[PDB]
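We begin with a single chain expressed as structure tokens, specifically the form deposited in one PDB entry.
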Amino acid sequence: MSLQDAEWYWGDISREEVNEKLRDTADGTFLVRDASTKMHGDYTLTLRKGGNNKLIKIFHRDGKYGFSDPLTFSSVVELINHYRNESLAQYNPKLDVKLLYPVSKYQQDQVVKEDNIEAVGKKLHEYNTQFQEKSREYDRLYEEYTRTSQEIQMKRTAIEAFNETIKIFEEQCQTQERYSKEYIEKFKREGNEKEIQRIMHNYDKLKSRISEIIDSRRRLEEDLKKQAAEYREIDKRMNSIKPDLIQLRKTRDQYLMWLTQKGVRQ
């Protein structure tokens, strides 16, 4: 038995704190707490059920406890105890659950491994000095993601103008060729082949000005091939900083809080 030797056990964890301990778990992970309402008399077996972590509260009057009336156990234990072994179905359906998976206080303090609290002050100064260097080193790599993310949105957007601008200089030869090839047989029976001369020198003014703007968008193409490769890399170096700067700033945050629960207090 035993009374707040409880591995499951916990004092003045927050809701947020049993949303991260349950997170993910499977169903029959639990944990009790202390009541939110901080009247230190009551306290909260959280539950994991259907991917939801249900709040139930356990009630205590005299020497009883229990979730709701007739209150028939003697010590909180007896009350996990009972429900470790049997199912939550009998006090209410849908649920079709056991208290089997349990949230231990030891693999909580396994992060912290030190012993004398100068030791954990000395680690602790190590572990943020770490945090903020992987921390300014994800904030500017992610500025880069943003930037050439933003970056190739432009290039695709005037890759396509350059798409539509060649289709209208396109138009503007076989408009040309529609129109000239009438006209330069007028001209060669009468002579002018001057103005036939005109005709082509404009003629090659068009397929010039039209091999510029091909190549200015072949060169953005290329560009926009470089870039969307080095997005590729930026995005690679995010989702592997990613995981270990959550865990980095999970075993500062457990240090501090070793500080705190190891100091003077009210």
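Positions refer to the first chain, counted from 1. Between two forms, the rigid core is the largest collection of C-alphas that superpose within 1.5 Å. What changes on going to the form deposited in another entry:
- Taking the core as reference between these two forms, the lone member of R147, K167, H125, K181 whose Cα moves by 2 Å or more is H125.
- For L248, the Cα coordinates differ by 2 angstroms or more between these two forms after the core has been superposed.
- After superposition on the rigid core, the Cα atom of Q108 is displaced by 2 Å or more between these two forms.
- In a rigid-core overlay of the protein, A6 has its C-alpha displaced by under 2 Å between these two forms.
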The other form holds:
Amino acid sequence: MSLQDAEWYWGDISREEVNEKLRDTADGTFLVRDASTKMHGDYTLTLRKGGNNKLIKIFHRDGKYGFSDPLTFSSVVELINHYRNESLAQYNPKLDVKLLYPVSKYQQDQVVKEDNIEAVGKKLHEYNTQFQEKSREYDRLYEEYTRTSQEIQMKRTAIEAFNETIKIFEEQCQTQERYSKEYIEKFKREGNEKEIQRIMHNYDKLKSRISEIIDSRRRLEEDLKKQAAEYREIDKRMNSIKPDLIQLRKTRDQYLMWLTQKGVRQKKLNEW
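With the form deposited in one PDB entry in hand, show me what the form deposited in another entry looks like.
Nothing else is written out below except the one chain.
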């Protein structure tokens, strides 16, 4: 009945840290701290229910324990174990959960081999070096990701502008043919080939230019399609690096356990 040894008592922990622990956990996962007030003999229990982290205060009086005005239990371990067995429905009918799963302070020490203090004097330094390198690559990817993203919308609006210019030159062709047709036909029977060739010379120069901007559009749609492709590649690369980066952070961070197994920063001083 040692509250100090109990699986679920982490103690000197912040609201932010317990939120980082019950994130997306199943209903019934629970955890206990001493109150954020840091007042001695005052505690708080958090448990997962309905996608939320619902906090309840454990009152303390005359050595007894509990979390309501009628107070009963001798120790917090008796209070917790009671609600591990049967439901909190006894306290709130809208709180049908039991204290099903704890999360404990030293059930996840993933150091395997002989505990030479090189576990922190070497392996921790390696993992941290492996983390800051992969974190520097992900920051670089996000930079050219945002750069590429912004160059793309510049190109999308530019081909969309080419679409309007070509739409205008194409209706210039259809109006040239609409209004020139019967002047061409009138000139044909007057025998005035000179005037017909002025009209043709101008029409040819119109569709000559429209070819130049049509070619300029596809030459830009080519750059776009090829830049849009490497944009999708930068994205899937980030999505591959993100889970690894998270795996390595939690690995590095939990290898600070063995700095706590000395208990003082004299060890990471070597890495300073």
